[PDB]
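Sequences are here, hints too, so could you generate the full structure?
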Amino acid sequence: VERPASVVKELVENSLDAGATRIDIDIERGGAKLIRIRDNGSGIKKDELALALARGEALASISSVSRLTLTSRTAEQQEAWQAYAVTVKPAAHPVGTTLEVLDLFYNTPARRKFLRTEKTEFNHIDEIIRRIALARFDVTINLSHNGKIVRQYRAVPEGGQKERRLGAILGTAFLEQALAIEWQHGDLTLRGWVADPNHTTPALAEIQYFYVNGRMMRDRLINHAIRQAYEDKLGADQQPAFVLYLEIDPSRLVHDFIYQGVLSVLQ
Amino acid sequence: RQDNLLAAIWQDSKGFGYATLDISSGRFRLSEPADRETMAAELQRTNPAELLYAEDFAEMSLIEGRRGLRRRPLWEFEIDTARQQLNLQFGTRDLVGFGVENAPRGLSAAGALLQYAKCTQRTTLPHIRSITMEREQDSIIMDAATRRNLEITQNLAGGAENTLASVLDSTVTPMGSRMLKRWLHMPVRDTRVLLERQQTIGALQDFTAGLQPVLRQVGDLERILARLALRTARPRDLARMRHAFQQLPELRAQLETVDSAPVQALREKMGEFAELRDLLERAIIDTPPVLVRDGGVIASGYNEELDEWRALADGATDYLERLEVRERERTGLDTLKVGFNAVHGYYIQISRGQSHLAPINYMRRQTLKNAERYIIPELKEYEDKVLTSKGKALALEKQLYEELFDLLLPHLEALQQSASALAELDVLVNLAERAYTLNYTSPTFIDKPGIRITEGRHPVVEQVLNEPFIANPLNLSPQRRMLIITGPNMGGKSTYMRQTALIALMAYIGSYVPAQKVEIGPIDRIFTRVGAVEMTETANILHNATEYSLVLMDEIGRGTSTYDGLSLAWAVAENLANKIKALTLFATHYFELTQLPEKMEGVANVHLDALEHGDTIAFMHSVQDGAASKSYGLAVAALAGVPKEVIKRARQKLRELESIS
Amino acid sequence: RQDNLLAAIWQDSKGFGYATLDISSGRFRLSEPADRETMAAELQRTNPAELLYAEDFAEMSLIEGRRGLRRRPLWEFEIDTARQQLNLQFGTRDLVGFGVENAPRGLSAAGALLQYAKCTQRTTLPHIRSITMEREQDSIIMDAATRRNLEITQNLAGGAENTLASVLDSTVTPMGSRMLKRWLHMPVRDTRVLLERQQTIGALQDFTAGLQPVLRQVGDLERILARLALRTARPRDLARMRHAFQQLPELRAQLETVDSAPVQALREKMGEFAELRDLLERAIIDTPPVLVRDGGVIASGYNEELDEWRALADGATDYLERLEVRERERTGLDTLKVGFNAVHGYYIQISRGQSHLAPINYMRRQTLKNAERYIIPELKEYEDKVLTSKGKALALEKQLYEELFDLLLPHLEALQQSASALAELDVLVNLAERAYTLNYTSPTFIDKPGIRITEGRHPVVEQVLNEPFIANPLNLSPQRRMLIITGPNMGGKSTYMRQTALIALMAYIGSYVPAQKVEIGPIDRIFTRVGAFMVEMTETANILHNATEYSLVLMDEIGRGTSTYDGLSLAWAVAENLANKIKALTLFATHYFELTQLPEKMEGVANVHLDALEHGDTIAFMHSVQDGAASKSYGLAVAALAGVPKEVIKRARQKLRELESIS
DNA sequence: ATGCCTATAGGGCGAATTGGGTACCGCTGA
DNA sequence: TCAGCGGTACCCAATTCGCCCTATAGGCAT
Ligand SMILES: Nc1ncnc2c1ncn2[C@@H]1O[C@H](COP(=O)(O)OP(=O)(O)NP(=O)(O)O)[C@@H](O)[C@H]1O
Ligand SMILES: Nc1ncnc2c1ncn2[C@@H]1O[C@H](COP(=O)(O)OP(=O)(O)NP(=O)(O)O)[C@@H](O)[C@H]1O
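Chains as they are written, first to last, in the working numbering: chain A, 1 to 267; chain B, 1 to 661; chain C, 1 to 663.
Honestly, the hints are just simulated from the structure, not real lab data.
Every residue gets a Cβ at the ideal spot worked out from N, C-alpha and C, and that includes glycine.
Each hint can be trusted.
A partial selection of chain A residues facing chain C, derived with a Cβ cut-off under 8 Å:
(1) 29
(2) 84
(3) 109
(4) 112
To spell it out: a stretch of chain B is covered by chain C in this simulated footprint if at least three of its residues, at any positions, have a beta carbon under 8 Å from a beta carbon of chain C; those stretches are:
(5) 341 to 347
(6) 539 to 545
(7) 562 to 575
Shown next as C-alpha cells:
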C-alpha cells in the first residue's frame, strides 16, 4: 500500500466486490489530504466493521495505518454506522459503503519522501480508475480532484453504446480510429477495439491495455502477438493502440487465437 | 346576471396601473398592465359600471368608449395620500403584507379609488379588509423573500457561491450566465415552451461536450452588439465578434445531426453572417490594440489608401540609417546617432567632445548634459512626411472603423437574434451538461397542482456537501395539499422544503430536475419565509396564495410567547387546508401542530427521523410518516461548540420542565 | 506558582500563527501575530516548556534561543487534517462556535499541536473541550455578524441605506465617508485617543458650519494622490487638487481661533503647500478637459515652447479666413469656403454650379455630389505646420504633465498626511455637525465594565422614523450585568439592545453619543446573535467561550429552537453561565417569560420589559423600558397590525383560549 | 553494467480575477 | 435650461494563480 493509487486500487475494487454499479472516487491535494470512495454496493453491519480493521485484509492494511473513516448502511433497514482512526458511532449515508480516508502516511517520514510529488500521483490514481473503468462497463465511476469533478465514466446498459465512456477513458483521438473485434473459437471469446495502424499517430501509442476476465495482467506474450499483427498487415512497425477483452474457461494456443482475431478486423 | 363593479386607472412615463371594487362582496384588487392591449383586455374583462380617470390621462382612447366614466383630479392619484389613507383603512403600518407595496403605478389607481369609495359610500366598509397584486405573467409570481432564501443568484451573505446559479452556471460565456439567471427569476409556466426546452436538453445531452468549447470562443457578443449600436465599439470587441462568426459554420454542422425540431429552429435563428465574417477577416488585424485611438487596427489588403499612408511611415528606419551612416562617414564623428523623440521629433545626437566638430548644415534643436542634438532640412522634411502620414492613415482608420458600423447595422437586429440564440444555446447545452453530469430527470406537467418526487434531492446542497444527499420522496396533490415537517435542527426540515422549491423552479425553466423522477402540476406563485418583518411576509402569502400556489412557510412561531405563534401557525395551516387549499409546506418546530392531520382534511404528518446513539446523534435525513419524537437543540448545542456543562444544565433544567409534560 | 506549558507555531507568505496547551488546567488558545516582535513577545509571554516548529520555518531566529524545541514535518501543519482532527476532538461539524474558523494560519499551529498533544499525552484530555482566539491586538474585537446585523456600514441587502454610516455619513467628501466607515470598523479603545476626538468634536460643534463648504471643494484628494504615485493621474484630478490647495490658507485661519490642542495639531498636519498651489495655478488651465490625450491642459505662461508650438496652431483660423476672403474676391465665387477634414486635411469647397469656374492654380483633392473640393500649395504647406505642431505641442503636454509628477512626489508623503488629516477633519466636523444638530452628549470612560445611559436613543432608527424615538436609559455594571428583556413583537427590545450596541461603538469612535448623558466602562468584545439554528447556536457558543467580564453580549431570541423546552433550557443555562461563571455584560432580548424567574435565581440578573397598550385587535407600543416582565402574548394583536386576515386572528383567539385554558 | 522506461521540476501557457480606465448617468446648484 | 462635472457602475486587460508539458535527469529489474 506504498503508492496513493494503490490505496485507491484496493478500495475501488472493495466496492466492485460488494456488487457496486456506482463509485464516487474523490481526492484532494493530489491524494495527500483526501481519499474518499463512496459506492451503492452492499453495506457492512456495526458488528463486522470493528474487527475488519483492528476485503478485511485490505481494510486493516490501511485502517490503523491511517485516519480511516469507514461508514456504511446495510440495504436491510438499519442506521448508517461509522468508524474512525477504532470508534463506532452512527452517521447517515445511502445503501452501500464509504471510505473518506486521509493519507496513509502518519508515523513514516521515509514514506513522505517516497511520495513522487503530486498531480503526477493523481494522474497515477486516474490510470487505476481508467484501467478499472474499461474492466467494468456496468459500474458508473465519477472521479473528482480538489472537489473539482474530473472524469465521468457512466455505466452503459447491457450490450449498449460503449464508445462514449470508452472515449471518455481513451480521449477523442482513439474513439475515431477504434475498430471493434469479435473473435470466437470454442471456449475462447475475444472482444474489444484496435486503432487502424494506417492512421495510428504518436498520441494514440499511449494506449496499450489488455484485460483477461476483469483482471489486467502486463504480459509480454501479448506484445509479440499484437506487434506480429501490426507488422504483417502494413510494412511499418510503430507503437500500437488497442483495448481488448478475452474470456477463457477457468498459453501458446491463446497467443495464436489473439493474432488471428486482430489481422481479420484491420482489413 | 351581472354585478355593479367599480374601477380606476392611472399611468406614468413607464406603463399603466389599475384597481377595482365590488360593493356587494367587498373584493378590492390591483394590477400594472405594461402595454395597451393588455390594459384594454383588463377593462374588457372586469367591465366596471363606474370607471375613474385622472384629468391628465394620456391614452384616453381606452376609456372614451366605456360607460359610467368619472373625470377626477391628479392629486387624488398621488402615492403619498394613497399609501397613508389605505394603511389606516386596513389599519396596517405598511401594505407589504398585501404584496402591493412596491407597485406604486397601480396604488395611484387603488389610492384614488378608495378616496372615491370613502366619498361615494361615506359609510363603514369593513368588507374592504384587504388588497392584493396580480402580476399573473406566464412568469411565476415570486416575492424577493424566495430569491434571497432559495439563493437562486445570491446567498444570505450576498455572494454568488452556494447558489442555484453557481451550480447551473458552468456556462462558458457571460451572456449565457445572464440568460440562465433571468430564466431562474422569470420561470416559464407555458407548458408548451417548457416541453420545447426539455426535448432540446434531452437531445444535446450526448452532444453537450463537443459544442461547449466552440461556445467559449464567442465571448459576450450580446454586450458587444449594444456598444456597436451606440457606435462606441472597441477593436478587441470586433475581434471577439469575428472569433464568434468563425464558429457559426462549425455549430451549424454539429446541430444539423441532432434530432430535435426546437434545436433545428434555434439553429436557423442562429443563422450565418459569413458575409460579416469575410468583412471583419479582411478589414481587421488578427489581434489589434485596445483603442482605435492608437491605430494598428485595420489590416493591409482591405483599403488601398490605408496601405499608401502606411507605406510613408514604413519608409522610416532605412532613411535614417543611411543618413546616420553617410553623416558619420562625412563628418568623422562615430558617436553620431539618429533617433526619435516623442517631444521634439527626430534628431542627430553627437557626444559633447565631438559636438562642436559638426558641420554648418546642422541647426541646434536640443542641448543635453552629455551631448548636443541637432536638426537638418532633409530630416525636418522627412519629419513632416512621417508625422502627417501617421495622422492621416490614423484619421482614415477612425473613419473606416465607424463606416464598418454602417455595414454591420443592417444585420444589427439579426445579430441580436443570433446572439440571444447563441446565449440560449450556451444555457441549454450548459443545462444539458448539468443534467448529464448530475443525473437529472425530465419532469412532466399535469393538470392539477401537485409535485410527485421519486428519490429527489436539493440541487445545490447535494453539490457542496462532502457526504451524499439522502434522497427524499414527496407526494403533493389537492388531496395531500399540506405537510407538517416537524423535526431536529440538521433534521432536513429547511432542506426538504427548499429542495422542493428549487425542484419546482428548475422544472419551470424546462431544465432537467434534481430527482430520479418528478411529475408536477400548475404552480403559479412561489412564496417563501425566513428570519431577518415576519408577520408582514406571512400575511402577503395568506392573501396572495391560491389553490395552485406553492407555500414554503419556515418556522412560523418565532413569536412573543409559546401561545401566539402556535395559535397563528395552527390557524394559518387550517386556513390553507380549510379555505385556500394551496399546496403548502409548513416546516416548523411545533410538534403541537402534529394534531392537525386528525383535525384537518388534506394535512399530513411527516418528520425527518433522527436516532440518537451514545452522547452524539445521527439524522437519517429521510422524510417519514409521523412527527418529531423529542427536542434536539440539546444534541445540536454540543455540535455548535457550546460547553457540555450548560448542555448538562440544559438536560438538568429539561427534566425539571419535561416532568410536567 | 510556575506552569508546565506546551506550544506550536507556523507561518505562510502573509504572517504567523500560534497555539498553546497547559495540561494542568486544559486551556487551549490560538493567535495570529502579524509582525516579528509581536511574535517574539508572545513566545516570551507564554514561555512553553515544549515548543513545535515545521521543518521549513523561515524566521528561525525566534526559536533558536528557546528551550525544549521540537522539529516537526510540514504535512502535520496542513489545515485539512487540522480542521478534520479538531472537529472530531470537540465533536462539532465546524469550529465557528470557537470564533477561530477563519484563522487558518493559527489553526496550522493548533492542528499540529493537537496531533502532537494526542501523541505526547495519550491520556484523559476531556479537560480540553474548547479552543479560543486571543487576538495579538485587543484594541477592538468585532464579528462580521455585528457588522452585517447592526448595519454599522452595510444593511442586510448590501447597500449603505439606514445604516449608522448613512446617518453619520453627511460627510461632504468621499475620503471623509471612508475614514468614517473604517473608524466604525475599528473603534479606538485607547482612552487618551478617544478623549482627543471628544475635545476636538466639542470645539468644532459651533465652527462646523463655516468649514464644511470649504471641505466640499477638496473632493477625493486621497484617491487623486494614489493615481499621482501610479503616474496615472488625470487633468480634472489635478484641477480638484489645486481647488483643494486654495482652501488650505482659509482652513488654517478658521481652525487657528478654535480652542483644542488636538485641532491645532491637526491644523499643522493640515499644512499649506502654497508652493505646490503656485505650480498648478501657473501650469494648468482653470478647467481642462477629461483626458491629457487631446491636450488643452497646460496654461500659456508656464512653458514658453508649449506656447511656441501652440502659436503655429493658433495662427490657423485667421490664415484660412484671409485665404477664403481673398480667393472669394479674386475668383468671384461666394460659395467658396475653406474648411478642415481629419481624413484629407484642409480644402477649398465650391458649389457644383460655380465649381468649374475656379482658376488653374487649384488642384482637385476631393470630388463630392454637391461640390468640388481643391488644394493649393499655400494651404498644403500650411496643412503641414498645423498637423505636426498639434502633435508636438500635444507630445510636450504629455511629457510636461508626467514631469509634474517629478515635482509633486517629493511632497507625496506630506500630501497623504495632509489628505488623511483633511479626510479626518471632514469626519470630525461631520460628527461635530451631527452632535450639534441632534444634541449628542460626550460619554466619559470609567475603570470597570458598565454603560449608564440617561434618556438614550437608537442613533439610526430615530432618524428614519416619523415619531421621535422613545429614548430609554440603561444601567449596566458588574453588579447589574444582565437584563432579561421580555415584551411584545415591535415592543422595541431588539431596538433597545441594538441601540445600546451602537451607543458603545459610537462612544468608541470618540464621537458624541445618541443620549442625554452616558458614562461607559471597558467593552473589549462586542458579540451579537442573528436569527436565521445551525447559524444561531454556533454564534452563541462562540460568545460563551470568547466573552469575558468586560465583553458586551447582545443575545436576540436564544430559543428559535426545536421546542419551548430545548430553547428555554439552553437560554436558561446561557443566562446562568454569563451570571454565575463569566459574570459578563449581557443583554438577553427573548420571549421566554419563564426566564423572568432568573433575577430571583441568579445574582447580577435584573427583570426589565417593553410596556405596550392593546385596545381591541389594534395595539400601540409605548416602546419604554420598565423594570418588570411581559404581561402576556402580543403576536395575536400584532398579526392584524401586520395585515394578517381577521379570519386567522379570530381562529388565533379561538385556538388561543383552547391552549390558555390549560395554562 | 545497462538501457529502455519513468517520474520530475522548472518553464511556458492558459484560465480566473480584481484593479484600472471608460462610457455613461443623473444632477446640481447657477 | 444647462454645461460641465463629479460620481458610478461596469467592461476590460494586464496580472496573478494554477495547470500542463517536455527536456532532464534518474532508476531498477535484468
Ligand atoms: N437530505 C439531506 N441530505 C444531506 N444533508 C442534509 C439533508 N438535509 C439536511 N442536511 C444537512 O443538514 C444541515 C442543515 O439542515 P437544515 O434542514 O437546513 O436545518 P434545520 O433542520 O431546519 N435547522 P436550521 O439550521 O435552524 O434551519 C446541513 O449540513 C445540510 O447539508
Ligand atoms: N424606541 C422606539 N421608538 C419607536 N419605534 C420603535 C422603538 N423601538 C422599536 N421601534 C419600532 O419597532 C419595530 C420593530 O421593533 P423590534 O424591537 O424589532 O421588535 P421586537 O419586539 O424586537 N420583535 P422582532 O421584530 O422579531 O425583532 C420597528 O417598526 C421599529 O421602528
